[PDB]
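To begin, one chain is listed below as structure tokens, in the form deposited in one PDB entry.
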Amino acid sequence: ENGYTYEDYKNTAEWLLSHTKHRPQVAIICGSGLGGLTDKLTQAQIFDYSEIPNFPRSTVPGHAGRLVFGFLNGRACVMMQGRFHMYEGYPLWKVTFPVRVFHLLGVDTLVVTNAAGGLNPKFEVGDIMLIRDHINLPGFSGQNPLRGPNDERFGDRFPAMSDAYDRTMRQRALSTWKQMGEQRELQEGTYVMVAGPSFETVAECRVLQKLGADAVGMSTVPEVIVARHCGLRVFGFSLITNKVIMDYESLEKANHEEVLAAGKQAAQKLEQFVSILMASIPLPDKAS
């Protein structure tokens, strides 16, 4: 939708195909800090967005923004290190351009990760929250990636989202966590997207808690939306990098320029979590 035409996607995917011998099945999208997951791929083939045809280039930050094709624990992946966000200024049709390319590349599963602040008090920074559902606040106002004329070549005008985050994949991630003897249980909740780059205020934090969100972030939802729109199996998770402040006594103050949590404890715990899951993603071959 908008700005890009089917041809564009078709050309980016083809150029990609004719530039890598890897035919990816699973596309992983690395959220803030969770980028080194690319390091553990094998037969890795790296493309910086910039060199790829119709691919949105990353803003100012020339310290990342690449598409790494590889193999992770048996699965042929394609990892987008450094996602695009609304705050950077991108129209959602750009933010989610890669998700449609992945589809044309043959990807049938998209696992999206992100760093989210925590609204549910049981969460603790470092916790990993499996996304059971989302609340797409921007989409309410009209900030939806599917806006504009619908290309029946990708999907429906009115795709359903009640079933976004794969019920099976979630089942497995939970088990996989247990069979890792973790102690701190895999959390499960609802991720709420908020666009603006600034961080929540206590009042905002409280409306989000009342609305039913468990984690608040500034990404993922547009991708999940267009993935599901074109059929991709979606599974994703949030890394609780910080308890959002719900009291005026606050004292503490939200900081991103502290993308620690993610690179800290998480860095490993999560990238290994992701690897074993590759095993749990059904092979397009499977059968028995």
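Whichever C-alpha set is largest while still superposing within 1.5 Å between the two forms counts as the rigid core. Numbering follows the first chain given and starts at 1. What changes on going to the form deposited in another entry:
- In a rigid core superposition between these two forms, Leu260 is the single residue of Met246, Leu260, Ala254, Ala44 whose Cα is displaced by 2 Å or more.
- Once you line up the core between these two forms, the Cα of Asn54 stays within less than 2 Å of where it was.
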Second form
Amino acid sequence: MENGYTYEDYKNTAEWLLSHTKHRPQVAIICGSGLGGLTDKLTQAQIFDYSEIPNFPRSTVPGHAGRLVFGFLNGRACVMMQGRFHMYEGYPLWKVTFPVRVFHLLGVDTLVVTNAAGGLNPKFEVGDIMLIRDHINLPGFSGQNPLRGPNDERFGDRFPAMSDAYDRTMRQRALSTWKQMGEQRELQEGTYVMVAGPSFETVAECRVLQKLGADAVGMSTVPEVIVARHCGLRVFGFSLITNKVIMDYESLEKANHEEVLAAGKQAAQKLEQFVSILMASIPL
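Please give the other form, namely the form deposited in another entry, since only the form deposited in one PDB entry has been shown so far.
One chain, no partners, no other molecules: that is all that follows.
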């Protein structure tokens, strides 16, 4: 609606980093949060706190909005967001997604994003992993689109498509890796719907999200993919099911964050490895 950043601010944040860093990454990864441990498997790791990076979304205690790590993961030059920004935190989307536009100026050209999510598809099960074939951008329908505002042509068009958001190549490239390391549960595949804003859904709210044809649901991610494609990045992403969204009045259970962080933690290596391998089927 405004967008408080000019092209310059982006550039200036880039160049700064691009000069406290030997590194020049090609892929950006975004967790998770409980893909946290990933940071380990990197090597030659250089860390930064968001709080010291020019223009980053500042949170209240920094943070709470955490760290940017640069390094090598499976002999690929990475950079990853260990902790991210959300709309429910009160951040507008050109903030949430800000990081995303710096990455591209860094010359990263693939983005992988991950996240936890509730499962809407009855078939799914806590533990599973759903690749993201497509999304419903509900905040988007109503005005909340990280693209809203005057478009800067240096980044992209006024009117990008999202029909093809989630790289095809990568997605198979990908189920390979899944059995090509032999797993009991299959890879899932489906649609992430976004809703904002922090309260968990009602039962009726679930029924509606199932009707729309959604398979999983977070409050995340959605935004920063949309603006990845606005400027080229190939995009590949996926989701940890983490709870079966309560689907009927009767059940006495209740989503909590709690169970989410746990499951996230339980799932852990799974995962860390998965991404880690996948690195290898990203081009050059």
